[PDB]
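Q: What follows is the residue order along each chain.
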Amino acid sequence: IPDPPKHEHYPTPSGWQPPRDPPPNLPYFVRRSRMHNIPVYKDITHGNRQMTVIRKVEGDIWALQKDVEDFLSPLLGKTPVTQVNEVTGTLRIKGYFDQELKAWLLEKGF
Amino acid sequence: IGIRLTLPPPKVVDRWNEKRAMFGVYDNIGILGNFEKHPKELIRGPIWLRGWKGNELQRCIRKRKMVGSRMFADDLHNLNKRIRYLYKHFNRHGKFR
Amino acid sequence: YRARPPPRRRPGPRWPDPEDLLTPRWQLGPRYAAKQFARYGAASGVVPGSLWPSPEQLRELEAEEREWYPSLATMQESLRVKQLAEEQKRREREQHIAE
Amino acid sequence: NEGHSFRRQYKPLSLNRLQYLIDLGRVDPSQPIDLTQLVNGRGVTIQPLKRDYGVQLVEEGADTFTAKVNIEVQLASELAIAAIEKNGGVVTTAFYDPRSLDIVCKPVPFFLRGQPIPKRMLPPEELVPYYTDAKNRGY
Amino acid sequence: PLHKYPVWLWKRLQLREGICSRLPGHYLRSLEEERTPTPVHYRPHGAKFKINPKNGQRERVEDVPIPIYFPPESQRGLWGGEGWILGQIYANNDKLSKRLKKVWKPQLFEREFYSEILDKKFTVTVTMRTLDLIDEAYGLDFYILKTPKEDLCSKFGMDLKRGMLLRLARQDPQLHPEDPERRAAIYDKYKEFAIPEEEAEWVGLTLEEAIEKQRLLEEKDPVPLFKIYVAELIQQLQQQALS
RNA sequence: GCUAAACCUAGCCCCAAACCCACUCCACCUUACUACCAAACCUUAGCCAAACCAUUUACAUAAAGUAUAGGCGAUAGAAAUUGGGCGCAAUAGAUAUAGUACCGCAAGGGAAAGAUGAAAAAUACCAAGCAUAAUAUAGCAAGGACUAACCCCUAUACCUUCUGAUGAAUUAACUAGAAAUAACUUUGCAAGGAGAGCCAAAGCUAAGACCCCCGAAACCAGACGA
RNA sequence: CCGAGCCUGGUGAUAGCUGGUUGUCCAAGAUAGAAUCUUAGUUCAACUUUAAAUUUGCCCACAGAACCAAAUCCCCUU
RNA sequence: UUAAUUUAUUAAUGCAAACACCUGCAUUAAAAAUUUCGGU
Ligand SMILES: [Mg+2]
Ligand SMILES: [Mg+2]
Ligand SMILES: [Mg+2]
Ligand SMILES: [Mg+2]
Ligand SMILES: [Mg+2]
Ligand SMILES: [Mg+2]
Ligand SMILES: [Mg+2]
Ligand SMILES: [Mg+2]
Ligand SMILES: [Mg+2]
Ligand SMILES: [Mg+2]
Ligand SMILES: [Mg+2]
Ligand SMILES: [Mg+2]
Ligand SMILES: [Mg+2]
Ligand SMILES: [Mg+2]
Ligand SMILES: [Mg+2]
Ligand SMILES: [Mg+2]
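Residue numbers (my numbering), protein chains in the order written: chain L, 1 to 110; chain D, 1 to 97; chain Z, 1 to 99; chain X, 1 to 139; chain W, 1 to 243.
Hint data in this document are derived by calculation from the structure and do not stem from the laboratory.
Some hints could be false.
What follows is a list of derived Cβ distance ranges for each label pair [claimed, not checked]:
hint, chain 1, residue 1, chain 2, residue 2, range
1, X, 1, L, 49, 31 to 37 Å
2, D, 41, W, 32, 45 to 51 Å
3, Z, 97, L, 48, 53 to 59 Å
4, X, 45, W, 89, 17 to 23 Å
5, X, 94, W, 49, 20 to 26 Å
Below 25 Å or equal to it, Euclidean Cα-Cα: the simulated SDA-like pairs (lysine to any residue) are [said to hold, decoys possible]:
hint, chain 1, residue 1, chain 2, residue 2
6, X, 50, W, 56
7, X, 50, X, 135
8, Z, 89, X, 129
9, W, 149, W, 181
10, X, 119, Z, 50
11, W, 155, W, 209
12, D, 63, W, 149
13, W, 213, W, 199
14, L, 102, L, 13
15, L, 42, L, 58
16, X, 86, L, 15
17, W, 48, X, 98
18, D, 53, W, 199
19, L, 56, L, 41
20, X, 68, L, 41
Sample of chain Z residues with no beta-carbon within 10 Å of chain X, all distances over it, derived [stated by the list, open to error]:
hint, residue
21, 78
22, 86
23, 91
Idealized CB from N, CA, C, for every residue including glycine.
With the sequences and hints as input, model every part of the structure.
A: Pasting the structure below:
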């Protein structure tokens, strides 16, 4: 599968996006998908257990955790129940804050 | 009694000999070789059970349906015997019901 | 030292010995050498006469179509007959309910 | 379940995801949009088994969709027909018979199957009136 | 451990093994093919694919070949392709009852025929169905000429067919002595099932009888090595004559 | 100290491949191991599971454990089409030392064990019981103690149905939890997942974890016994 | 060993019946009903215990709880 | 066993089929075969 052909306006007709160039100078670093999207996913378990995670985190991930708590701070008030996967290089937040999290990563641009 | 009497035979074993040297060499055969042949053929072992690893009852079932017409009569009666045994064994008496 | 080189493919498609009593019937029949042709082209294969179906098989396929495929006009006529019968049944039921 | 096994199953193709593949470049619009195109880039997959029907368009939300295409699905909404035609699409609906659709959908293997090319049979009588009417923008 | 070739062809394995493997290739073909006959009770279904009755689904269906329970005595005559059936049945033909094992035996009749090809009368048991088969063939000689031996499904009729074939491929005057005109008329009439003279060798015999024909054929008094060495010395003398 | 122990290695284990066995002379279907006169095929049955009992029931990958059938009560069951060692080491593993002794009128059932060293033309201590040494008032044999072994004081033999009585002389060796569907947890990928199928409205693949041992009398086939 | 010979296979037959089922260390954890050719067993039933998600419970004080004794229940505060 | 039910099997009939023999279908028996002889 190759990289997408250029749709002239951003976001796309269905709203897809290219990652912005050059990447930002934030120590939190996000890679995209093999099929090229922003790497955010839900998580369903244990009947009522809804959570979410960003998968391919890299760098000093604790900064991304603090940022996610800060964005989440106005979102629900409670402190973020989050855990990184340092060997796996991931971050996960308890609860599904999914589309807004994708928006936060998109506004980060990188 | 139940122990040895002397120190047993000295375990001369070279851990770095040739017949173990390549142990798994050229055995990432599939994706590292442009998909010509899977590892699912690289195993040198019996054709009764070369890579469909079910239960014990499944193991015998595969042994029958693969090679039953190639056995001496003792093996055929034996495989039939244990196959009947296992078919009774799966769904009759256990811990979870 | 250095092991023997890893497994390669087979040397093209190989026909089997028809004299061999061990061969399963799945790879020595009519469509099997067809599969061999589909593997190694005509480059290793045989004359392409196996590709076209047999004339007896052609008549069999024609029979299969005649017992397995109608014409659109026949289906349309059946649909028209069914619709006319349904309308007549509906009119008769309405007349019986009205009376 | 009496006729669950005789029930037809048709893969619903999300046309918003068709717009995605248009944007993501899985299926380019420079050539016809066929089931060959619908499968070839892995945007939405078909299952020949389970006594299935085939590919049919979906019905939600054609806002912000700017492309030209020629869709050939088994079934679609009248809203989907108008969705295609709004930018000026092409909509056609033939059948795809079971062995025929199975040969069609994964064209890689039957291209190396060795038998000669089969031809698609006409739809059955129940499916016949569906294709017989142009109100479905069919074939 | 395991035996290499499969026992499902073990008997067939011996068919290619030794002295019996020196049997005629025509005998190999006649013992090799397995064409099936028309049944005695398994009425044939219509075609390959048909609509399901309770499902309305086009499904391909075949027919079961019911095994012919052949008693030994029926081989001693020319019976039909019919016989008995050793099976079971329900009391009211109802599967919700206790069924019992059952039998369906034939009703034979001792009749007689007078074959011109045999030019003799043979009286044996036959079936009224076999009578109808001969009548549809219009003559016992034509029936012997007509059906396959595998279609015959009887030893005595197979032997009669073997004799008829030997007589036809022999064309000896002893078939119709002092009447060669009738012999020629019958030979023209029986020109249909003409076979080679070699084909009369293993004609219809048992596989054991095939081994018998082999031992009667492959055996001979061994050549004398006095005679063999004499011939070798004669060859040496002929060669040294050129020396 | 004796009995004893211990020791490797006989050969068995499964697979890979491969088609094998049958004539020193002789004799050998009568009372088999003695040189000699007038006849074959005929449907396996049955329990079990229905918590009793009866119809029913087994003796490559993929569709698919779906279509067929069920005292519609238990389950059983497709075609189309597609393509050398993570084995042992004399109680273990072939019982194997041999289908022998013995047992039984026969068919049959079917055991046991040895250990040297390069050389046999080289002839170091321990399971239990005992003596080496027998005993000292009293009591589940022990504990706290002690000048001091015991006498001093406390002290209802163990494992288990029980609600509070059966087994075990004593050693030494054998001997008894393996079915992953669901869910979870941990990994890889992500609107796709996975080396044809299956599934997906956050899922899909890999692994992990649940399933004993002993013990009836029964019954049917096939023999063998007056 | 004749109350239906013996033996081999089928046969790891079968009964819900007894008994026995192997080393350690932390956290929690004991008695209510109803069916059942059933009380020697099993199934609806409750308790738990754990995993996740969602903020008040136990002890009570006023009022109140029926016509043909102890009391008990709902029940602010502590 | 006159509990129940058949009737695989015979033996009779009768009816079919063939021109005394064989096969099929009903009924009847003899003999069998399948299943029942509850609790406090
Ligand atoms: Mg999840
Ligand atoms: Mg039962
Ligand atoms: Mg098949
Ligand atoms: Mg041993
Ligand atoms: Mg042993
Ligand atoms: Mg001692
Ligand atoms: Mg005392
Ligand atoms: Mg214990
Ligand atoms: Mg005792
Ligand atoms: Mg017993
Ligand atoms: Mg046994
Ligand atoms: Mg048991
Ligand atoms: Mg019990
Ligand atoms: Mg009841
Ligand atoms: Mg009752
Ligand atoms: Mg009970």
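Q: The structure should be examined with respect to each hint, and the outcome stated for every one.
A: Right, here's what the structure says about each hint:
1. X:1 / L:49: 31 to 37 Å: Since the Cβ atoms of residue 1 (chain X) and residue 49 (chain L) sit about 32 Å apart, the hinted range of 31 to 37 Å holds.
2. D:41 / W:32: 45 to 51 Å: This hint is violated: roughly 36 Å between Cβ atoms.
3. Z:97 / L:48: 53 to 59 Å: Given a distance of about 55 Å, which is inside 53 to 59 Å, the answer is holds.
4. X:45 / W:89: 17 to 23 Å: violated (53 Å)
5. X:94 / W:49: 20 to 26 Å: holds (23 Å)
6. X:50 / W:56: holds (17 Å)
7. X:50 / X:135: violated (29 Å)
8. Z:89 / X:129: Status holds; Cα separation ~22 Å.
9. W:149 / W:181: violated (30 Å)
10. X:119 / Z:50: Measuring from Cα to Cα gives roughly 19 Å; hence the hint holds.
11. W:155 / W:209: At roughly 12 Å apart (the allowed maximum being 25 Å), residue 209 (chain W) and residue 155 (chain W) satisfy the hint.
12. D:63 / W:149: violated (40 Å)
13. W:213 / W:199: holds (13 Å)
14. L:102 / L:13: holds (17 Å)
15. L:42 / L:58: holds (19 Å)
16. X:86 / L:15: holds (19 Å)
17. W:48 / X:98: holds (18 Å)
18. D:53 / W:199: violated (56 Å)
19. L:56 / L:41: Distance of about 11 Å is within 25 Å: holds.
20. X:68 / L:41: With Cα atoms ~32 Å apart, residue 68 (chain X) and residue 41 (chain L) exceed 25 Å; violated.
21. 78: violated (7 Å)
22. 86: holds (14 Å)
23. 91: holds (22 Å)
This entry does not satisfy hints 2, 4, 7, 9, 12, 18, 20 and 21, going by the numbered hints stated previously.
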